[PDB]
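One chain comes next, on its own, written out as structure tokens in the form deposited without nicotinic acid.
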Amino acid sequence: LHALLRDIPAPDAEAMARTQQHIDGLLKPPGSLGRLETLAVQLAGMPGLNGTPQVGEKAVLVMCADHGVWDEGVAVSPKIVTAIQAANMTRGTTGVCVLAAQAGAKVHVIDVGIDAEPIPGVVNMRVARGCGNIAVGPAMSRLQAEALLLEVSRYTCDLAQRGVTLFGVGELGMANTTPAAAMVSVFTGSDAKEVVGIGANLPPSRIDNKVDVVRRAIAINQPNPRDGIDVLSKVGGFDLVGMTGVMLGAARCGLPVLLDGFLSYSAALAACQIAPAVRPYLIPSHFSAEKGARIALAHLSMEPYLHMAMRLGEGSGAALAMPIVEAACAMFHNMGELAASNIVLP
């Protein structure tokens, strides 16, 4: 695992410089395509992309798991929905499934700790039948976190070996907005009141309890903000762990990963804390309608492309942004050049 972290490649500045120069010469006023240009330059610097902005196969990895904190009354969704939805993921009827199909991406469903019988068709990496209730103790042991990071990281890289060049990360786990908030609070030093949202339609009355729960989780566990694995194990979840592992894996493989919403931002904070080298590989998708989204994003110094007020999760925002990534490549490769038209701008 230290190997893994050690071996994360730095972005290729030489390739980025060549990209920039090429973009500047395209049939348009310099810088006129804004973020589309910066995105393209960003991709060019990713080693697994072969020095140019390109997209081969696409995949969306959905990490599924149950949480002990569900028993604290922090979620209105029945616990069994996790298992139900995971199965549905296998039949392509879910939100991320529909959107991925639209983007031509494949969905990979990974069970990292669903509290139910194994589901056929689902990739099995289950740690346990749901994680520990963070309100009264840790979600899991440090070793459990590390092993899962390793396992997912590897799985991720292995996909690269098969032509995947663009990853999307998502989750499925009733009550997961709670551990996500705790993590955010810990990493950004924000008070729980500021980052705790309604999640999946939690009634406004019930909020107070959710906040109390987050505080207790923190008080009781005393997670060390400077130690991302510490935080993940104590106040995170298997799903959060898995998302972080996708991020570490893609980075090691020198490939880009599209974030999703709030849950994904939480995982990204952890990943960046664990390995700053991860950052340049992350690409935001949308601006989640969850309350603590702004803070989390500010800490990541990220500005999403899409404003859709989405809050479904599952990797749906990630899928929706894929076309944007392809757009930047198309632009890079298919537009004509100023010079060829004899167009001279000051």
The other form holds:
Protein chains: 2
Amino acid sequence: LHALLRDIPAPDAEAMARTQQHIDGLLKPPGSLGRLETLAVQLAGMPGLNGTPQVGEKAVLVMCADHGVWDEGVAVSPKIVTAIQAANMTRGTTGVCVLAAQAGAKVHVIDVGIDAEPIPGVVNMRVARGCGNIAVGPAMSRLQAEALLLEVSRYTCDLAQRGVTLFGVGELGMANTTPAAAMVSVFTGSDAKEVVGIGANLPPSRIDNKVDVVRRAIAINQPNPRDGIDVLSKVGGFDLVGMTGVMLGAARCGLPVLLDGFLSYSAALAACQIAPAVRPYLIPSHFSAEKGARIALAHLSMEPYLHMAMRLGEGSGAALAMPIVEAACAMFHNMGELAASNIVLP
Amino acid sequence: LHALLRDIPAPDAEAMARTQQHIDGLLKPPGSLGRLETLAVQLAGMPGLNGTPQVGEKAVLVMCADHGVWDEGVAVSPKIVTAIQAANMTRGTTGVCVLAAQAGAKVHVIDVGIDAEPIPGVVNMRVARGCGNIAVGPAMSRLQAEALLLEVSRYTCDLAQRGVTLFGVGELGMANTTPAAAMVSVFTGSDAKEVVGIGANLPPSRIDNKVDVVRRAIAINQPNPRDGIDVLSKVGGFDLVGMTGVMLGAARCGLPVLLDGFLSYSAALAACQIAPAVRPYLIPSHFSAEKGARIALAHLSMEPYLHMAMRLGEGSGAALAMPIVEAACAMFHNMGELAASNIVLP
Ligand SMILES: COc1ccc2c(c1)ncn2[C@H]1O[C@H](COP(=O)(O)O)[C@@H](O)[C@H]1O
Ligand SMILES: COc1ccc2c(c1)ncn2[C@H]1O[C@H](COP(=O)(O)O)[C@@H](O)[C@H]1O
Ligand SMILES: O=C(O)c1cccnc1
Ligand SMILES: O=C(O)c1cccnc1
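Now show the form solved in complex with nicotinic acid, given that the preceding structure was the form deposited without nicotinic acid.
Every chain and every other molecule in the complex is listed next, the one we just looked at coming first.
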């Protein structure tokens, strides 16, 4: 794991310089395609990409797990919805499923700790039947966190071996916006009230209780912000851990990962705390409608491309941004050149 | 034309109510897909869509023309770039071309007034060899504006007959950001300094001159803000007029039109002034990096989906947003339902 972390490659400045020059010579005013140009350059620097912006196969990894903190009354969706919805993922009827199909991406459903019987068709990496209730203690042990990180990381890099060049991260876990808020509060130093949202339609009245729970979780566990694994283990969840592991695996593999929404921002904060080398592999998708989104993104120094007021999770935003990634590649490879037209612009 | 305008259909509230109900029953927390849901409902209300969000064939119409105001030193691209780039459109090497191909859309290049010889392969609707220099007089006659509006409108609705269900608008015309700024200033009541941008890389020094030109154009022509045709004719351009005509045609046809960037916002302001019934058919794409973008969008009451810092034009932003439109349809038609899973959420 420290091995793993040690071996995350730095970006290829050489490939990036060549990319920049090629982009500048395209049939358009220099810098006119804005963030699409920046994106292309970013991809060119990713070692698993072979020195050029390119997209081969695409995968969305959905980490599913239950949370003990559900018992605190912080979520209106019945607990069983996790198990149910996870099954639906196998049937292609969920939001991520439909959006991934539209993007030509494959959905990988991974059970990291659903509190139910194993679901056929779902990848089994179950830590336990739900994590500990963070309001009264830690979500899991450090050991458990590290092992999961490891296992997911490897799974992720292994897909790379099969042609996958672009990942998307997602989750499923009733009550997950609670640990997500806890982590954000911890990593950013923001007060709970500022980062606690309505999640999956929590009634406005019920908010106060969710804020109290987050505060308790923190007071009780005393997670150390300078140790991402400490935070994840104490106030995170299996699903959050799993998402962080996808990020570590893709980066080790020198490949890009598309973030999703709020849950994903929290995992990204952890990943970056754990290994700053991860940052350059991260690509934002959309701007989550969760209250704590702005704060989270500011800390990651990220500005999403899509403003859709989305708050579903599952990796739905990630899937939706995949075409953008492909667009940057198309621009790069298929546009004509100024010189070839005898066009000269300042 | 008044006929044309009179006949723009209102949206189908009946279809929209049915759509809303169907969306609410999908396998997700109600309203969780945010703007994608709103979008779906919008499309369902469009009469040419047959009561449901659907996308058949896609087309991007690119209106090309030259401007006399170029002689005022408001643009650094050589005049000839219009003719050149227009030719390139036929070769599929431009930015819109590449992005449209990615979206599975067809590009229609229309010459409404390029100051050069006719280009083979380009649709010929040429008013004149470039429009009048708005700094010293009007761009064209009212008659000319109205005829073009008419001709483009019809062309647009005719494509509908061929399977096109989604349009995108674009342009090409060195110096076009100048009349675009003039129109915006006029329609929004904003001072020129506030809406004049760098266009296609105008050096910061040269800005002052562009502002002066815009002011002169206005002072001299005295365009009436309450008459969109008056404004277009006086301080617009053939390309701007052509874009407005696509909007009027799609709306008459009861079909959706995707806006592009800055040039397109100016045309949209005119179209809406001319016929408010047009509004509901308009769909924003991205948030142009042109200085006057925010002001323009505020007046249209529109919030774009894509924040890409793009400033190319050509209909590139429009093409880039097409997948989003298709996503809304996919969501609508392919997601499973709560009831079918025995799931009940507040
Ligand atoms: C079909 O029913 C559902 C319900 C919720 C769902 C979902 C489907 N898919 C994602 N979520 C989202 O809601 C949960 C987070 O919000 P909270 O913290 O309020 O529980 C997670 O499951 C997240 O994936
Ligand atoms: C290959 O060279 C070019 C140059 C400009 C181009 C372009 C390609 N495609 C769009 N534009 C954009 O730049 C022009 C508006 O900016 P300004 O008002 O400063 O001239 C229009 O042609 C617009 O389409
Ligand atoms: O932003 C998200 O991904 C999100 C917000 C609320 C509930 N589930 C997911
Ligand atoms: O926003 C646009 O569409 C734009 C901005 C500058 C130059 N051309 C087009």
